[PDB]
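**Student:** Now for the letters of each chain:
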Amino acid sequence: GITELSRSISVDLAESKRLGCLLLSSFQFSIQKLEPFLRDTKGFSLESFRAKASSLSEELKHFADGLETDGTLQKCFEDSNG
Amino acid sequence: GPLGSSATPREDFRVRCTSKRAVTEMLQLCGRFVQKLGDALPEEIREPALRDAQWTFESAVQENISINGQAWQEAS
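As they're listed, the protein sequences go chains B and X.
Following my numbering, the numbering of the first sequence begins with 1 at its first residue and continues without gaps.
Following my numbering, the numbering of the second sequence begins with 1 at its first residue and continues without gaps.
Read the hints as simulated data drawn from the structure, not as lab findings.
Nothing false has been slipped in among the hints.
No farther apart than 25 Å at their CA atoms in a straight line, the calculated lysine-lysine pairs in the DSS-like style are these: (1) X:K36 / B:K33; (2) X:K20 / B:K61; (3) B:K52 / B:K33; (4) B:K61 / X:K36.
According to the in silico footprint, chain X covers these stretches of chain B (three or more CB under 8 Å from chain X): (5) 14-24; (6) 57-70.
The beta carbon of each residue, even a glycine, is placed where N, CA and C say it ideally should be.
Using the sequences and the accompanying hints, generate a full structural model.
**Tutor:** Here it is in structure tokens:
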């Protein structure tokens with residue numbers, strides 16, 4: 001069901017890269033479940049929502065690249081704890 | 001090299017994570033992009049829709065990772 005998201009991300013990729021991909025797929029997933037409940041009331045066109053949502057998806061992809069190089073994503077795979 | 005049996009091909013496609021807290025902090029950072037959707041949302045449904053979108057976003061990530069081979073809700 002919802003586990004299709006990680007099943008659809010190549011396992012030939014490093015696991016930290018797969019986490020970055022999973023972040024974007026989850027963002028797009030939550031977009032797509034919200035969109036059918038939006039209608040063209042004045043001041044809020046679905047066209048403008050898709051423009052804002054797709055613009056944010058590309059900013060998120062850049063943001064995740066930054067988290068991949070500054071070590072933040074890598075912390076999800078480290079343990080020096082009990 | 002030849003010693004031992006070989007591992008069977010991968011069957012668990014969830015991202016194999018080790019730190020539940022680090023994932024939570026990553027989700028907090030990415031949560032800012034969900035909030036930015038509120039601009040395009042109408043005031044009528046904005047607040048409940050953003051809570052719903054945030055929870056859907058965090059659920060999709062959490063259900064697609066393992067914490068030390070365990071499910072998210074059963075790990076620490």
